[PDB]
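One chain is shown next in structure tokens, namely the form solved without the named molecule.
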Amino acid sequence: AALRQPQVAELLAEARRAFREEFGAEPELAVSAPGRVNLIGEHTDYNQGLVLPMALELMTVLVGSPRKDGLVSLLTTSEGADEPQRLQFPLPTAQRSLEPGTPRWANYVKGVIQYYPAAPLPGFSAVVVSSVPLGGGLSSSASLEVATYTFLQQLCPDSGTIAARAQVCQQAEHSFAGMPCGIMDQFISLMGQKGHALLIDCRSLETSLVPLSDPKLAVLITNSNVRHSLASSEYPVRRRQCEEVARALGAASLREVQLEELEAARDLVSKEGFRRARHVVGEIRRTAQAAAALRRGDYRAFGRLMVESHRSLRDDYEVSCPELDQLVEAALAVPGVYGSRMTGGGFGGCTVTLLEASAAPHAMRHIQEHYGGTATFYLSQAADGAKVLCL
């Protein structure tokens, strides 16, 4: 029993209603920006690797209007968001930059404003709503940043590429949330096309659309409904460790390293650094091969590469957890399932499973059965990326 994914109209209607009540008039401007699931290619983006995500129908919607007084006035209805759920602050100026603070949700919006590259930006009033489960590993924060960015463009048009916009949002994440993420989540939020996954080269920033127009193929997202303590915590540790192995081999990044050279330099790096790098180098290759497999509709090869991804994440990268692992095994048991793995950052969040559409009802029954906690499910079609909604 998959979760009804609210369509853009229901989200818009919630956004506008709350805006009216809060501000005393209709909003002038509106935007949407989706979350994402990564099909394969985990912990490779900040290593200048390859990733293969798709945009989801789960999305963040933001409505608003310019002001004349230089202030930003925000309201979110999102029920998980930390309080307060309203916030105001001045626009950054030459005299005074904004800073990270509480509530944490607002730091994503503050950051994007701070680094927005075009001027002059007026103040604004806005309400944000989201169907993206909050920090459950489908990029809620990126959807919020890219929604913000896309709204600011309506107030004050920018002049660069789409990669530059993704980089602005990434910068907000680094400086205002203390989270040194790669570019994947932002970039897919911006670049998603419905009926397509995106092979993103995080070194070149070349992207290619890979079809998913098979009605016999389903992508099932299972949320573990767990978020252990370590996104805050362990993600920046894995990044630094990767960067250190690259530095030690005289490589600009691990993208430049392959498994033979790594093995020959075992003595130059920690045992644990070796294992992390081994994951990354292998994951880059798996992603390139998975993309090719996906293209020729060889789902079986694709699902195999997914499973190898999961084992490498669990064992070498150590960013799985008992729950994700159990969900993965539960799903692998089901006839018609090609593959399953954790997706996103790890320590919680969701698995992604590729399967025959007709197995999806049994898949969901059996996973729920064989999981201790309580899963939720999304039956997920690949979706468009960010856009303006004309009011």
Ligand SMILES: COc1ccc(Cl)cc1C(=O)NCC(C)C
The other form holds:
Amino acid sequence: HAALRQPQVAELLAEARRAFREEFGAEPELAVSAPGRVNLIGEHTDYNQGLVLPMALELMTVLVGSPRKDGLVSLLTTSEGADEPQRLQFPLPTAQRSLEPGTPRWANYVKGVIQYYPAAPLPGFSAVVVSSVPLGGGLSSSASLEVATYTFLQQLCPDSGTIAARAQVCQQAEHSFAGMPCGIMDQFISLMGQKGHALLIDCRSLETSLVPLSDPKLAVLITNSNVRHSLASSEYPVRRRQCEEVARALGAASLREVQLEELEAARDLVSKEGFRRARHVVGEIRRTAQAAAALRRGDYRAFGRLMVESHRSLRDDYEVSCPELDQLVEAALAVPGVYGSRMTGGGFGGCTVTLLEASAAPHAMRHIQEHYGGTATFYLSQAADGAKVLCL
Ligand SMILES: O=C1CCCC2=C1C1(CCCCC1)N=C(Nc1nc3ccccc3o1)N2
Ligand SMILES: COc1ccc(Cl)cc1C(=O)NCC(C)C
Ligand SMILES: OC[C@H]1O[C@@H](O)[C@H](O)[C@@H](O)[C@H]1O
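For the form deposited with the named molecule bound instead of the form solved without the named molecule, what are the coordinates?
First the chain shown before, then all remaining chains and molecules of the complex.
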């Protein structure tokens, strides 16, 4: 019932630096950091060209390294949650032959970003990877590694592209090398986050707004279920297809073009579950605009309430909650000074996010732990920076 230590850039850097020296026998030339994410509201909207309101966490992936002249990639990772081996080497992909996904799984993230990095000539490199983002804990560890990877290749061989194009590369890596067809959000927030700000992302226009998210009377409590049902992986692409079918059945480019009136009128042209999936998306996009508005004018109570409506939508219409998250939500909402709680991320496990009076975070943690049928993990994050570079 205490908030886990969040090591700062400087300490994770020192750790990666010590590790790099031991493994390669020379100080690294470069250092990058990219954070994980919590989504405040706007779940399953991103691949629906909707609105998302994520913020970057203090939890991050650091990567320290050095260019090589031999064209090969040598990786070590210190994240002992990672799958064996901790070390991998492979040559740069060529016109002739490409990197392929395999073992160990953690390296597929680096391989994917390197495969789709759009700027030549990319040299080989030696790199240590360290992370505070809990691996597959539903705060976008993978996106943090993809974006850190991207940030590092930029030092090797500058791109000339947009922030969104870089996110799209990281997302391609997730799709093709991790086999998780994610939307743009996790990569976008990891690139674009700013200390003290949530990032409203229009996943249609790709417009973004840094929204002041700084009142030291309020806190954001992340609770890890420490659970991940197999459906988190298998049912994610099912939701995407269901959403896509409902949009085909309505002549819509996306569910962003569809309001509840239109959707109710066409009840006959879609499945019982189709209609339910779409009802959530439509309502979640509305609720994200509403939450954005509420945040600007300082209406924490309206914001918390919209969080509770997003969770109910996710649990009943989208059906991507699970008993553990349901339990952590009802627990959190029973604590004086809690304005709202919801599952965040893909669903079927992972974390909940809770907005509450800062002075209440301690009591919230005691009560959620006591009421949780398993063992919950706690972080208290303010909004944090996106991808950063330190020359060494
Ligand atoms: O199996 C899954 C299924 C879906 C979620 C996904 C996990 C694994 C796969 C590889 C190892 C264990 C968990 N890891 C990623 N993220 C990740 N971020 C990292 C940062 C530094 C080092 C390693 C990292 O692995 N999340
Ligand atoms: C998610 O955060 C908010 C949601 C709504 C409103 Cl009106 C204010 C905040 C805020 O200023 N939190 C302070 C910091 C802990 C993010
Ligand atoms: O809001 C649901 C979200 O699920 C995340 O886990 C995925 O990485 C995002 O792209 C978004 O679809």
